[PDB]
Every structure is written in structure tokens, then in C-alpha cells.
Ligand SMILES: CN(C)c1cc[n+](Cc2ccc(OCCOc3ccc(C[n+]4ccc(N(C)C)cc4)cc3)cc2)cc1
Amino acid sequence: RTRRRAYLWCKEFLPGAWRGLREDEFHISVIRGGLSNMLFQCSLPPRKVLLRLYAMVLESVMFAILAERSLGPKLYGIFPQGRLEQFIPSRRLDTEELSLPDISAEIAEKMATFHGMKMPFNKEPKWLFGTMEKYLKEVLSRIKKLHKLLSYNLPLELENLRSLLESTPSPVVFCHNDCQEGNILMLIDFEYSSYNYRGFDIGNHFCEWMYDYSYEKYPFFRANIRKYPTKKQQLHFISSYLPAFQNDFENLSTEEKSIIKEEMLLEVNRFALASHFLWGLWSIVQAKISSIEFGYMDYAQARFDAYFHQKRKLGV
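May I have the structure of this chain only, in the form deposited without the named molecule?
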């Protein structure tokens, strides 16, 4: 029987009707069936709950806290396999919805709210170039494809970037770091969340207009470089973002306002380069150490070609 454990958690953690409720009447339905996150719609007929099984205290102290602040589902029980999580009738929102004005703004301000937070995690801005440096080292028909990636001269370019981004001031704030369409229901899943350059969070969100992972045929993803936010679009994100992040912002002069936004367009767009390089690196390492399923070298090539395309567009 599929419900093998399941019943045992829901009876034990959820109070009231779940307290006595016999096994003959435990109704569970699968929602997502993953190798490192299975989802389940356990209920009774808190009437329904979301079971989510399969160094990191981060994305569980995080989840808790957002459940305290009404900005995430409630935490109805936690245990070393997963958690029982409030069910909210909801769905992942697909890549094509991100450009909507309705949804875009919201995300911009929610990401501003997120960056606003002050949290009990390491504040040393290590995550970005510490991870990238580790992966580049690690890296050094597949055998074939890797060469074409490595022929780009990744070690050099990585310091070319270190240079470029070190010239680009970006405030250090608690970033989500994976703010793409499949993590917005409300903004969820903090696997890779940490303190980081705000630039990365945004630019990585922009990069994310290009890639759709809703896929069951290899390579399991689609890339549309002609789908990155336009200038007007970017600005508009930033201008739903700034007033949600700086209380002082709305009363600045237009030269002040305009100067910021001008400077922030440069910021997030140079950081978008980091998103291509980080994830490009990440993907290659997964083409080896992955029990998941995806087209990781293809994804790599996609991320890298963007990266070189990207930096031609910027001209520096």
C-alpha cells in the first residue's frame, strides 16, 4: 500500500479529528512524485494537509518563520523526512505568466519584502563566488560536449566576472536565490536561500523569463533568449520593487529616482551574468552527481551561450 507511513504522521502531529481517526478512513492523494521531494494531499472527509517528504537548517527555520508572519503556509508538524504543511488551493505559475503586469509587480514587491528581512543566518557574502569557485574546480558525446563548454575558457571568464561584479556595488541582503516560476505559488522553497548580493536575486529572476522546465521529454527544458525582460519591462519591475524596499524612496526627486534606477539597471543586468555562470557551472556538476532527471549539459550549454550573448549586449 502506497500510504505506507503517511497515516502515522497525520494522526500524530495534527490535533482534533486526526487525533483518534482510524486507518480505514485515511485519504491521501499524490500531487508531485519526486526523488527528493514527494508531495501528498492527505485529508479527512485543519481538514487537508500537504505532506512533503525527502548542513541545512536554513530552509526549515525559514519556512517556520514565514508561517509565523503569514507570508507562507502554516507549519503543521516537522520531522526528519519532511513536514506536514498547510494545504492552500494553489499552483506553480508557469513561465509565461511572469511578464504579466499583475504578477510581475507583486513578485517585485514580494522580493523587496524578502530582501528587507533580517535573519539569524551567516552574513558573510560568501555564497556566490564561493560556490562558483568550488564548482569550477570540481568541473576540472558528453566527453565531447564538456570540451565545447570548456573551450570557452571558464577559469578565466570567472575572474573576468569577479572583476566586473566587484566593480558593481550591490547591497547585501537575504536573497531567495532561486526565484523562478516554479517557486512562486506566495513565494516558496528556500533550498538555496542565503545572504547574497541583491543584484543576483533580481537578475536571476530576469534570466528566468527565458527558461521553462515544465517538461517530460528530454532535454526537459526550453530556452527562449528573445524572452528576457525588455528595458521598459525591467524598469517596471524595479519601480514596483524600490518603493516596497525603501520607505524613503517615494519622496525622492526625479533626478535621485532616475539616477537610482539607471544604476540599478546596470546592477541587476551585470548580475544576470552571474546567474548564467553559477547555474551553468551547477548544471555540469549535476550531469555527473544526479539521481534526479534533466538535460544537464544541454542546460549548461544554454546557460553559457546566454552568458556570452549577455556580455556582448552589455559591451563590457
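Here the rigid core means the biggest group of C-alpha atoms that line up within 1.5 Å when the two forms are laid on top of each other. Positions refer to the first chain, counted from 1. First, how it differs from the form deposited with the named molecule bound.
Shown in the overlay between these two forms, fitted on the rigid core, is a CA shift at residue 215 of 2 Å or greater.
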Second form
There are 2 protein chains.
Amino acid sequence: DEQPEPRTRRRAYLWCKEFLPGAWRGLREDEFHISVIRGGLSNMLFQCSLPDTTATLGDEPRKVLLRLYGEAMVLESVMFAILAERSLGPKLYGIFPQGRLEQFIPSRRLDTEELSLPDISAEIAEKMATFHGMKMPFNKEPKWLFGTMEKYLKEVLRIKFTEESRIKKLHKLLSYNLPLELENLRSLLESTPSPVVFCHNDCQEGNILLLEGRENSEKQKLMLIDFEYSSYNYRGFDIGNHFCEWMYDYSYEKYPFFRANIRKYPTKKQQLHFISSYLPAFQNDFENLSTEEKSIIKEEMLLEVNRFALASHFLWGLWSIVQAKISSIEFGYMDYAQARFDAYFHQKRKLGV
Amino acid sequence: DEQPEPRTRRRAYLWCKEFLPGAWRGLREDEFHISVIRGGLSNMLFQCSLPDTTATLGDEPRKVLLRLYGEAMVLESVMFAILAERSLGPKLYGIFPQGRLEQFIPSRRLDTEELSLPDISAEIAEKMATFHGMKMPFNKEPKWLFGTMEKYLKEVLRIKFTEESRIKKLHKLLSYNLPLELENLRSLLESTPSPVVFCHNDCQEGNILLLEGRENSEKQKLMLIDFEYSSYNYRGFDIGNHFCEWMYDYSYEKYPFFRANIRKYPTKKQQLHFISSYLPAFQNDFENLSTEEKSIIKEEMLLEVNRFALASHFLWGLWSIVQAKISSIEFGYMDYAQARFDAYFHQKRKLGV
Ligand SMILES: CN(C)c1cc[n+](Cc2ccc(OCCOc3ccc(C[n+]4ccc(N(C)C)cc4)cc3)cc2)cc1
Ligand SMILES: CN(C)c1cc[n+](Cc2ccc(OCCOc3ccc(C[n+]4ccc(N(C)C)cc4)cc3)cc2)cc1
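Now that you have shown the form deposited without the named molecule, what about the form deposited with the named molecule bound?
Below: every chain and molecule of the assembly, starting with the one above.
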């Protein structure tokens, strides 16, 4: 168990002692347990717990997660609290300017290869449909997708890299005429109906918990977490983005720190499986429709999500160029951008668009 | 219906159109209805509605309340959202840097004279007991009461007024040796057990809605609102503060814009009525205790709340001196401070403390 810095141990102790009820309120510092889950300069994570020799007095948690950040803060905090109330996220035990105390959920993250297991995929779809029914106190105009793409496009155009390979790679990505391609994509998506729903916007394996002790259970073995990029957006984006994430493995241990495989995109059969779980979770009398009406709804959704998958590639390709300029994480951002653009044109070839 | 300024109408229209679903998303500006509920430079309130000629498409509200403000913002927003989720406050429809959109609750505020009606008092007690059971993600150390009193005491000591009557009045209030009196109060309250609960801290008639159409109902005719000063604090403060508010009427239409009457404090009989509704709402098997045990719990609570009532006087007396220095509202702050201190020493005489 990696121990935090002394300053961090002391602050964590104080936050626990003051924001948690019951035994925590009287806990001795020399009996406080803390270990690092994720280090870094931002969004550091720690597990904090009572000693085994201290009894619970009421319903207080014995262990919590501390997130340190290291207005978007109001929106994210409100969102987190609401999801907690609704039993769709970890409980919220404490909020303070430096961070928050969250329910500790014994789990691991999914690996990329697990996203295609039929029971896993079906549950993700159900979870996403549930998330998409959330009414949330946020702007409902679906400006997020193309607003963010336009923002990132204008930033990318102005980047001045100093390192040769990044200069070269950028020149290649910008050679596609990104302003025109963005508007070609806008025109396509303007003629692709997709309801506006509350989207996660990052439904990748690293944001999906496999709950400890539920690994052999039929259903209800996952939790979708890490909602910080959620917004009202087109349903098609969230689903298409998920499908895209089948192609990328971020656990690759050498440069560029990911692996990409175009052949791992879900087949239409796999997509139909996902869609067939999504739809009755999103409209519960769906099951009562005729076979033919279910069939047209599913076919329309296949086209919808595969078209919107293009926007996942375009948006996250542009994002990754911006990260190559601004990030402080070691990751092959330029190579990832090229993988996304390569997949964008591959999918465009496949769609006939 | 007082109309807002054109800029405000336009912003309100945009906030409604973008944060509310259904018919609002397509509403014409020339059919948007808005009127001012409360003006001012801070915390302005407006009612906003669909025209009667526009149909609801789903479950969207036809009318909302707009609050404009004109980190405490994170905490207050999180608190509001959580209370809304739990059905203890108005629903939260939109949050943005300038304000929020809230559920519109047809109602009026209570008048001071209504606080003593036995059914009203019993319901307030039930509502307060319910609020006091809230688990909330805020600091649980009860530093709020004396921390705030110390802050305000140090500020009051340093005030330099320029206007003669305020100079004179301040000299009189400070002549009591407020540092020593604060510590006398601390010593008394240190020997008065009172559980730490989530307190409203401002349970006055102006924060209690009488729900339209429930005015002749037995129960469930009120809503406690305006939670912005809530904090974990001693239960005794919230109850004692409420009792204090029986003495003050803030609707008096001439200077000093309140009336005070020491004889309107609840009698012990009235207090027992309030307590007898509070306790089974706060500990639901209370009713199953013996008569003698119920009797000792009630007697202990009478002493607890009447002692803590002293802290309502002291704290809000100090607050009102600070407002005489910093406020921009026309209100007889110095006279109100003197009324609170007069009541502090009256209650101390009555208690024998
Ligand atoms: C903003 N948003 C909602 C997005 C943005 C981007 N994407 C696509 C995307 C998703 C995950 C993603 O990276 C996931 C994290 O992967 C990491 C990989 C490596 C590292 C660092 N690293 C370097 C070296 C190393 N070794 C020593 C082996 C281990 C880890 C950190 C994170 C990158 C792009 C989706 C949504
Ligand atoms: C911070 N906190 C939780 C507190 C602070 C103080 N107190 C005690 C207190 C409560 C209410 C209170 O004032 C309530 C509002 O009363 C007003 C009265 C008059 C006005 C302004 N005014 C002036 C002139 C006028 N006429 C033209 C007749 C009408 C209104 C505004 C508000 C003053 C002290 C409790 C809790």
C-alpha cells in the first residue's frame, strides 16, 4: 500500500474526521489508514479507512475514497450529488474546495476485451439507457458536440509545435481540410435524427466498474462512473462513442501507450445485441411492439449510431491534438489522433458517406 | 404584474428556453411571460411561464421561479439539489452562474401570528425534525455557532460608524463586555447536551410557505424553504431560534421595520406542544416509551432549547450590528440588535443563568 505524503495524510485525516459521522469523529490520527490509489498532480485518489479495531457506531462507512482535484466545479458537484441520490453513482460523503469523499466501491475496471462479452455489452446498454433518462438541471440545447468540435478545431489550427515529429504529424492531420470536413459531418448529422439525452460522453472500459463479488452474476455487475464530461447531447454520440472504444486499448505498456485495431469495432450483429438491450431499458413498452416495428427502430438506430461514431473520431482526434500541445501526461497523443482520423475515413468508406 | 427590465426579460427567456424541456424549447419570445416577484440588487425573484395557448408536451413545468444572484455557491447548489431530490425542497430545473430555475410552489409566507397556531406549530416541528435527520455532505464538526459568533464579535469591536445615533447605540451594546459574555454563554452551552444535526438556522415565518389549497388541511400544509444558512449545528439552536422568532414581526411598515414583543415568546405549554410533535418525527419509536421517560426527555429538551435560545439572541444581535455597518437594506439594524440583547438578558433572568 503506497503511503501518501505526510501533508496529504494529515489533510485526509482531518477531512475524514470532520465530514464522516460516527466513529470517524473520534478517530486517533495514529489509527487512520490511507493508501494511494492513483497519484499525479491532478485528480489524485486515495482509500481511507478506520482501523479494524474500531467499531462502526451507526451506518457510517468504514472505508471511503478521497479524490483530490490538485463554473465547472458547481456543475460537476451538483451532477455527482444528484447521481448519488438516484443510486446511479457512488454516494457523496463530503465536498470541500480541494476534493471530495466518495463511497468506496470494491471493483476493478473492465479491460477492453471485456466490452464484447455479450452479457457485459447488454448491461452497458441498459446502464446507458438508464443514464439517458436522467433529467438533470443543465442546458438541454445540444450545442456540446459541434460547439466543442469547433472550439478544438480553432485551437488545433493555431498550434505551434517545436518538436519535429509533432510538426510533421500536425501538418499531415491538417492537410485533410478540417473546416470542410467538419461541415460535411455537420450536414450528415443534421439529417440523422437522434434524441437529445443526458450523455456520459466517455463510456470506455476505464469508466466501467466490475463489481466485486458480482463477476459471475447474470446482471447488475457493472457501474458506470466518471461522469465529469457528461452533457445533454445526441444519443447517437454516446452509443457510437462506446462502439468506437472497442477499437482502442489504453493499457499498452510501451509508446504510444495504446493499441488500435479497426477490426475490433463491433459487428452489426454485436451492435444489434447492444441495441436490443438499450431499447427496452429506454422505452419500457418497447417489447410490446411488433417484430416489424422493432426491426425498423433497430435498423434506424444502427444507421444513427454508426453515423454518430464519425463524430467520436473527429472530436477525439481533435482533442488528442490539443492534448499533444497542453497535456502533462506521457501518451502518444499525435499517434492517437492519427488513429482516430484513420478510423473516421475508414468508417466513412464503409458507410458510403 | 411588474415587468422586468428588457435585458432581464431576454436573459430569462434564454435560460428558460435552453434549460426547460418540452414546449419551452420552441417557445417564441413574444409569448414568454415573466413578472417580478422580488426586486433589488441581489437575489431577485421572477415567475416565468408558458402562454396559456401553448400545450405541455410531456412533464415540463408550465411555470417556474427564476432566482438571480445579482465555495459557498458549490455548497448551496449541492444542498439545494439534494433537498430537491429528497422531496424536501422545490425541484431544481436549471443551474447557471447567474442564478437558478426552481419549481414554482403556489403559496404565501406565514405571518408571525400564525407561528402559534397549534397545527402550524406542530407541523413546523415535524418539518424541522425531518430536516434534522438529513445526512448531508458537509462538515459535521459543530463549529458553526461559536465560530460565527467569534467572527462577528471581532468585526463588531472594530466598527467605526460615522453617524451619531449608530455610534451611541454601538457604545451601549459593547458596554456589556461581549468577550466575557460570549464565554459565559459558551460555558453554559458546553454543559447543555444537544445533538449535532443538520440545521436550517433560520426557521422564521418568512421561510415557511403555506401551500395554496392546503390552508384548511390538518397536516402537510407547509414547506420550509430558504436553506442557504443551513449547517451542521446543535439541535437546540434551531429549535430555540424558532421560538425566538415568535417575538419578532418583520412586516412593520415604519421605522425600524420590525416589532418586538417579549411576551410573545412561546409559553412552556406551547413549547411542549412543539416538542411533542418534534420528538416522534425525529425518533419514530418515541411513542412507545413510557410516560415517565417521555416526560424526562421533554423536560431535558425544554432546558436545552431555552438555553440555546440565548445563542440565537447573541448571534443575531451581533449579526445585526454587522449589518448596520455593511447592509444596503433599509432596516433598523441597531434597534434590532438592542432588542435581541434585551431579550438575551431577559431570558438569562428567567433561566437563573
Ligand atoms: C474528454 N473525453 C470525454 C474524451 C477524450 C478522449 N477519448 C478517447 C480517449 C480515451 C482514453 C484515453 O486514454 C485513457 C488513459 O490511458 C492512459 C495511458 C497511459 C498513461 C500513462 N502511462 C505512461 C507510461 C506507462 N508506462 C510506464 C508503461 C504507463 C502509463 C495514462 C493514461 C485517450 C483517449 C474519449 C473521451
Ligand atoms: C443569517 N441568519 C440565518 C439570520 C440572521 C438574522 N436573523 C434574525 C432576523 C430575521 C429576519 C430579519 O429581517 C427579515 C426581513 O425583514 C425586512 C424588513 C424590511 C425590509 C425593507 N423595507 C423597508 C421599508 C419598507 N417600507 C417602505 C414600509 C418595506 C420594507 C426588508 C426586510 C432580520 C433579522 C435570523 C437568521
